[PDB]
Amino acid sequence: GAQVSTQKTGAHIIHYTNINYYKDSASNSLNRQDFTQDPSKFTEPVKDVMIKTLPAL
Amino acid sequence: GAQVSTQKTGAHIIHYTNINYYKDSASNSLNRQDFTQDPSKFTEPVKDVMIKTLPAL
Amino acid sequence: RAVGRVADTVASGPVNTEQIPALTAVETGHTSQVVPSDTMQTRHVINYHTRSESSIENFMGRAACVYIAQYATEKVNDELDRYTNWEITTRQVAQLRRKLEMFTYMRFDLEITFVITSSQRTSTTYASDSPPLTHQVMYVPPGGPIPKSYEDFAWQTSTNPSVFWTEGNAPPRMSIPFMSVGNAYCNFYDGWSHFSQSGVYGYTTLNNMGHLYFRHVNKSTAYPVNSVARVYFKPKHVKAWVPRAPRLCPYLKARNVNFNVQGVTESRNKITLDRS
Amino acid sequence: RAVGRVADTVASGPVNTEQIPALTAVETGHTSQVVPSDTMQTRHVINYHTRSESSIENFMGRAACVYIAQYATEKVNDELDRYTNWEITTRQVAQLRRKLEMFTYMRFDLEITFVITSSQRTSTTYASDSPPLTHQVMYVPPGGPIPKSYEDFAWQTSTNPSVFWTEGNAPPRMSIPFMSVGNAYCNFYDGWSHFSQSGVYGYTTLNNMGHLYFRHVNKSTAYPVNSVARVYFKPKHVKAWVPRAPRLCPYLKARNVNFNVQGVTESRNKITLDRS
Amino acid sequence: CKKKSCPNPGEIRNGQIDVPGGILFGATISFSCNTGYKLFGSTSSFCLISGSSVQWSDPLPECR
Amino acid sequence: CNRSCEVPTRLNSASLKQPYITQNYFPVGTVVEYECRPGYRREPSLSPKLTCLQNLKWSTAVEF
Amino acid sequence: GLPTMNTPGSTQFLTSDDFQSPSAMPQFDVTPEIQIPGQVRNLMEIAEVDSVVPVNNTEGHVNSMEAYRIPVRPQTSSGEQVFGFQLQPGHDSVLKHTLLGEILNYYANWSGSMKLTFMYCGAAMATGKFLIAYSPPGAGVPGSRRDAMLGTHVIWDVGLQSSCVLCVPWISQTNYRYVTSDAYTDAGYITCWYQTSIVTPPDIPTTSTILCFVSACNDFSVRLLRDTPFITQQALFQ
Amino acid sequence: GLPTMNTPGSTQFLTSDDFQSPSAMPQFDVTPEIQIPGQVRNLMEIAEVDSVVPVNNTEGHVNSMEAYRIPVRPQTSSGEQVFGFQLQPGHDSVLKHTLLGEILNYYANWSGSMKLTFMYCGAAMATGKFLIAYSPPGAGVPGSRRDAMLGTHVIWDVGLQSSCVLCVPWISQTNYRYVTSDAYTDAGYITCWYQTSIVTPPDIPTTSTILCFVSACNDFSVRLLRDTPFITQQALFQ
Amino acid sequence: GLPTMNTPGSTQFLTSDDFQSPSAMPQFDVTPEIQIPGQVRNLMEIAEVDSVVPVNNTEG
Amino acid sequence: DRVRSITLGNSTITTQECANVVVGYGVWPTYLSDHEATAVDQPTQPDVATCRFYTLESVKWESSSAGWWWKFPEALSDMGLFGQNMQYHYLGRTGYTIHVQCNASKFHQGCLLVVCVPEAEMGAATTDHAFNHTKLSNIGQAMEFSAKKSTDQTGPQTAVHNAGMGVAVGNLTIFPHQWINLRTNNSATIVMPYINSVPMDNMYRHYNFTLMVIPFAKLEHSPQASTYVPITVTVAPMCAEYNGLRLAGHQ
Ligand SMILES: CCCCCCCCCCCCC/C=C/[C@H](O)[C@H](N)CO
Ligand SMILES: CCCCCCCCCCCCC/C=C/[C@H](O)[C@H](N)CO
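Protein chains in written order, with the numbering used here: chain A, 57 to 113; chain B, 57 to 113; chain C, 19 to 294; chain D, 19 to 294; chain E, 11 to 74; chain F, 17 to 80; chain G, 158 to 395; chain H, 158 to 395; chain I, 65 to 124; chain J, -14 to 236.
Just so you know, the hints here were simulated from the structure itself, not pulled from any lab data.
Among the hints, a few may not be true.
If you only want the chain D side, here are some residues facing chain J, beta carbon under 10 Å, derived [said to hold, decoys possible]:
id : residue
1  : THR46
2  : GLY47
3  : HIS48
4  : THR49
5  : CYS83
6  : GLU92
7  : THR122
8  : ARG139
9  : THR142
10 : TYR144
11 : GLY200
12 : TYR207
13 : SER211
14 : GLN215
15 : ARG262
16 : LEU266
With a Cα cut of at most 27 Å, we get these calculated BS3-like pairs of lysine-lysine [unchecked claim]:
id : chain 1 : residue 1 : chain 2 : residue 2
17 : D       : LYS271    : J       : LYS120
18 : F       : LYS33     : J       : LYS133
19 : E       : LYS48     : J       : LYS120
20 : E       : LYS12     : D       : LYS166
21 : E       : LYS48     : J       : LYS134
22 : J       : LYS134    : J       : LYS45
23 : C       : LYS288    : E       : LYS13
Just so you know, even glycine gets a beta-carbon here, dropped at the ideal spot from N, CA and C.
With the rest of the complex left out, here is chain A:
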């Protein structure tokens, strides 16, 4: 059961191959390809939403 995913190349043959050998999941490689982010918990932790064009007060 092979897995073929996208390599990390620059933005103006682009694949790689991963076979998990060991039976656990602690024995995997690093998960270097997760770039999801949600910064509204720290930037906008407010109860009433505040539009950036309206006055906040």
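Add chains B, C, D, E, F, G, H, I and J with the ligands to chain A, keeping to what the hints say.
Just chains B, C, D, E, F, G, H, I and J with the ligands now, with coordinates in the frame of chain A:
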């Protein structure tokens, strides 16, 4: 995801196999099989085209 | 756009309107979301800049040394015994400790590497023929039988994991799952150890991860040799929760968060600037 | 025909015409495109000759040494300290420097190889039993904390990449992406460093690629040993822009393009030839 | 403790001041004049200690 | 003083002129001139001179 | 067996690789996760959050709370300078030790624009106007308000909304700028000038305070990991 | 585990191989490319471009601009020799230090024909005719114009078009010729003879100048990479 | 990485094996072949050809 | 035919013995697109007020001449609104059209090489000595190569057979060039696009290229001919835009 391309043989079993292992693109092999060329930027850098049989002046 | 790709600046024009994107209130505890195209005129550039090197797997995923374990082949004291030990804690170095006290709760799988470098002890003479030495690294869980000495049958590794290594080869590597009993590795534990608010304060009471016993498998050497075992932790599949402010003052103790006070930043001579 | 295959000569006959393929004008700055079948009678040969060994990947894609890093196990001076350093620049050797100053702007991925060869220092006696020495090569980025001495905890490689190597094995190899901040590696930078046209002149101000720190991991040796670390750069996935004229006079300095003058070519005795 | 800043070198009228290493303690700067100009003074300057504060070792050329 | 370069390189088709051949003290920025052996002839495109650099090393000696 | 051949790079310990490695506790049951609030998936989530900048460092005021307090007072002549610092968000003494300073000092490059959010912490009857300016590093430091009005600027009016965000844009010839400053990628200067004055009613004290917060916009990006020059050690901790 | 067996060639460092190798900065974001003008994809693109050849090397004229100047003057007898050199475009002193010389000296073989483009740099009222000849290396050097008219030749007439391209063809028994010359693959001789004379009106100086450019055609090819014997060193540069 | 194990016979130089080996001149363009007459594809082609035998060796 | 006419801005240039136009490396000068750009500000693009044929000072072709080199844009630093937009802006991106013109007669002889060398980094005359910023490029006067080697203490290397950079001077014909051959040619024109590894850069600490003209065949005429032939350069920017408006530089 295997890639099979043409070996470099002389001109009067002719394949090879490349599996990219690492997740980046800096970790690839050399790109020894690009022979495209365009020498008209340095030989003919002129604005008006000059036919080789007509006089240039 | 792809994931982790920063946003680009839209075009803008000379406005004259009742919309104020620059005026806000910090009293609400809300960081402003002002695009640069809100307070001036900008073009339409396209940003291909990825945020790859900022994620917690790319950030924490580099191996950092945590201990320097010294042992020998002829006992001279109890600091350079025939074996040694290391109570497992990542708070003994100054580099990895600061990277782990940037978040309150972490949950990471580990992979451990040992770089074991023997070196001949000074003596009158040194000429000998030595077989390549073999090292044993046993991981005693919290509560197991520790080896009181060398030539003891607690080193039998009957159930504890143990690695062996003949000198000259690649360094050993093993991977470790999320070994806690809670649901996250508490880097900070603001509390006591006993219920009557006494005992020991802080994260010492929560760090119960065992020991790590090093020894030479080879029984003798004609002239003794002092080995140095360095342990290289590297987190992977890491989650991180509740980010802390990064620590200003440098550390003092490997179990406390004791510190000396210092200024917040480096001092200049005047608040303004002067040049025409 | 296939790619990179040079063109063949078509057949031709004895012409008598108003077409002049031989007469042209160099004043237009245009190199002539005269086929040999334009000025004489040629047959129809078929050229199978490929231009494989001329492309920039086949040309630059061979590993060339760039530094000879010397360090030891007992400090005698600051040129042969217990550690050493190397400010990363490819302008210290004479062979690879000329291959990179044939183009103005390059953009290449790198892969680095170290050939580390220890050799025993001269002394009164040499007989000892030595464990195989271990080397650490740390790459400090531009601005990081450099190690002021051996036995310093800047060598902890907490975030900087570091390779380790026990003697006897294959040489270490790691690959490096396009590490610039612009869009190409400027080999030539005709300008100054400060805005008032002063400071330092040339490409010294643009070469900011860091350092490279070498040391022995093994703490002691009974009789000291001087190691020699040679670094082997090799570009790959290379693009090249704006070709320069190749450099005539040999180099003097590793940061300047300073040079002595010489003639354009080797001199003969007379302009003509004489033999019947 | 960190290094002590020397005074600012200012500007040579019709000349060029090379500051390639800052103006801290032990830093070396240099001077030169324009085309068709004569240099009266030392070519390069150095910041050394004079009692309690840091000063330059020599004043600035004109140029002439 | 006190930091002298080593002896100039043994070129197979060049030798040192007097008085550069007998002395063993060469400071930085010194010059040495080369006449060649009685089998060889001077190439006019090159300059038969070598200098000491800052780091006690002679400049790149091409065959003269 | 299968014929192999070892490439260069075998039996090495690259400090920044990724490889599978055999587990020491096989078939281990890790404890189930729970939904802890406040997850960080990216170090740029923290760097988009404000933090008050110690602009008043002069001199020996870092050992008190007077570091963060930018003082303003009613003037006698308009056009004077409130504060001023270089824009080096990983190396300048004002900005390298804040929350945008300690995360940026772990890296070597940085891209994208920033913010500089202000907050008048004076009396509710006082009134001022200020001109906050960011000048690109061509012609040096702006000398007066007439020299600093030509660059980027924002006229902040103090009213019921007690904050104003100067968004320092990204003007550079290079795609990235170095954290520890080199003269090729110098980034500019941030000034602030008295636009009119401070005008107060009677029975109000003179010395006020302006708090300055720094943040990053949604186009910030960092690169080239390294180790911070802030936490040092000599020996191991015991 | 899997049964393998190491072939000969393991743990070696071949200086001219290609192998994948683990990256030291993983998930690094390189900077985006831009369309810089003037891309070179091949070293033969540079070798198809003209370059003036220093034919007048005699003697000690290499330390001036008199190296490139081939002099012509009104003659007393026709059929005299203008210049002459061997056709060794990587070893001969005329041709090894030009733009076709410095690229060809990085290699060991070369194929294909070449060009030799001329340019009369005399007065606009002067008039000449020349006979440029390339003779294959059988019978030695051509002695006079009668011996050189039998080989390949081109009669150049000086008019409004002030250039003429002798295209030296490819006549050889071997598919390739060596750059550093061996006697098995000798390539010939290039001469140039006064076809009629130089005839000038009065009040015009006698000594003129002809510039000679060398190039490669569209069938040139090179092989067998090596290192150039032009840039030497003794110690490292500091 | 992948778990392997070396069989007996590793790091040896058998004088009569066949193994791939990395080329020292990559992407080299060899010269094109021509039809030379008289090709030998087998050493038994020569051994089917006559040759006069020195039967009268005696003596000297 | 042999006639061409260029019109840029409010000024035009006519030639009657013109060889051709060498458009750089095959690229006409253009504006910065929305995907090559980096600066997030809005650029100022003056069409007619900047892009026009600024003429320099005419240099004299002596019989013993060696050559001259200009360094752009710093040789265009006190001409029109170019030298004013260069002060009030941090960045700047432009292409050029360089028109070198020299007429003598049909009784003179000589041949110039007119080349535009991108980033001609020049070596020192006396080594271990940083040379002056005005011995490389003054504001309006060109510079002059020497006939022999230089022995200056704080200047560049002006031996013209080594072209200043240290290369052979005859190998300069890959940089986009022409020739002014007084037998046929009269004027040489090169259209040079913006050549740099960054989209926009500073205009004062960086000379993007270098216009060198070098007499290969020297000027020789009769003694009773005209003993003064001048060489004028007429360079015009094209597709210029600037970014990051701040106060006037350039310190
Ligand atoms: C064969 C040898 C195997 C060795 C097995 C050792 C694995 C145990 C390592 C524990 C992993 C977590 C380390 C502790 C981190 C803490 O949560 C924080 N640093 C708090 O101090
Ligand atoms: C574990 C050790 C890793 C070592 C990482 C070093 C990578 C950095 C190498 C920089 C690559 C570019 C080298 C510089 C080339 C320049 O553009 C030109 N030579 C200009 O001088």
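Hints versus structure:
1. At its closest, the beta carbon of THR46 (chain D) sits 4 Å from a beta carbon of chain J; the interface hint therefore holds under the 10 Å criterion.
2. Proximity of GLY47 (chain D) to chain J holds as hinted, the smallest CB-CB distance being about 4 Å (cut-off 10 Å).
3. Taken as an interface hint, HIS48 (chain D) checks out: its beta carbon lies about 7 Å from the nearest beta carbon of chain J, inside 10 Å.
4. For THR49 (chain D), the suggested interface contact is upheld, since its CB lies about 8 Å from the closest CB of chain J, less than 10 Å.
5. This hint is violated: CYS83 (chain D) has a C-beta 23 Å from the nearest C-beta of chain J, more than the 10 Å allowed.
6. About 34 Å separates the beta-carbon of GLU92 (chain D) from the nearest beta-carbon of chain J, more than 10 Å, and the hint is not met.
7. Against a cut-off of 10 Å between C-beta atoms, the interface hint on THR122 (chain D) holds, since the closest Cβ of chain J lies about 6 Å away.
8. Because the smallest distance between the Cβ of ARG139 (chain D) and any Cβ of chain J comes to about 34 Å, over 10 Å, the interface hint for this residue is violated.
9. The beta carbon of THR142 (chain D) comes no nearer than 42 Å to any beta carbon in chain J, farther than 10 Å, and the hint placing it at the interface is violated.
10. Given the 10 Å rule on beta carbons, the hint for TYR144 (chain D) is violated: about 42 Å separates it from the nearest Cβ of chain J.
11. About 5 Å separates the beta-carbon of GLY200 (chain D) from the nearest beta-carbon of chain J, less than 10 Å, and the hint is met.
12. Residue-level restraint check for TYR207 (chain D) holds (minimum Cβ-Cβ distance to chain J is 7 Å; threshold 10 Å).
13. Interface restraint check: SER211 (chain D) against chain J, minimum CB-CB distance 7 Å, threshold 10 Å, status holds.
14. Interface restraint check for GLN215 (chain D): the shortest CB-CB distance to chain J comes to about 4 Å, inside 10 Å, so the restraint holds.
15. For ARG262 (chain D), the shortest C-beta to C-beta distance to chain J is roughly 7 Å, which falls under 10 Å, so the interface hint holds.
16. At a threshold of 10 Å, the smallest CB-CB gap from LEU266 (chain D) to chain J is about 5 Å, leaving the interface hint in force.
17. At most 27 Å may separate the alpha-carbon atoms for a hinted pair to count; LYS271 (chain D) and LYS120 (chain J) meet this at roughly 21 Å.
18. Simply put, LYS33 (chain F) and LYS133 (chain J) have alpha-carbon atoms about 25 Å apart, close enough for the 27 Å limit, and the pair holds.
19. A distance of roughly 14 Å separates the Cα atoms of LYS48 (chain E) and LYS120 (chain J); the hinted pair therefore holds under the 27 Å criterion.
20. Restraint check for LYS12 (chain E) and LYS166 (chain D): satisfied, since their Cα atoms lie roughly 16 Å apart, inside the 27 Å limit.
21. Restraint check for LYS48 (chain E) and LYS134 (chain J): the C-alpha separation of about 22 Å stays at or below 27 Å, so the hint holds.
22. Taking the CA atoms of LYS134 (chain J) and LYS45 (chain J), the gap is near 21 Å; set against the 27 Å cutoff, the hint holds.
23. Our distance criterion of 27 Å between C-alpha atoms is met by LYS288 (chain C) and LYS13 (chain E), whose separation comes to about 17 Å.
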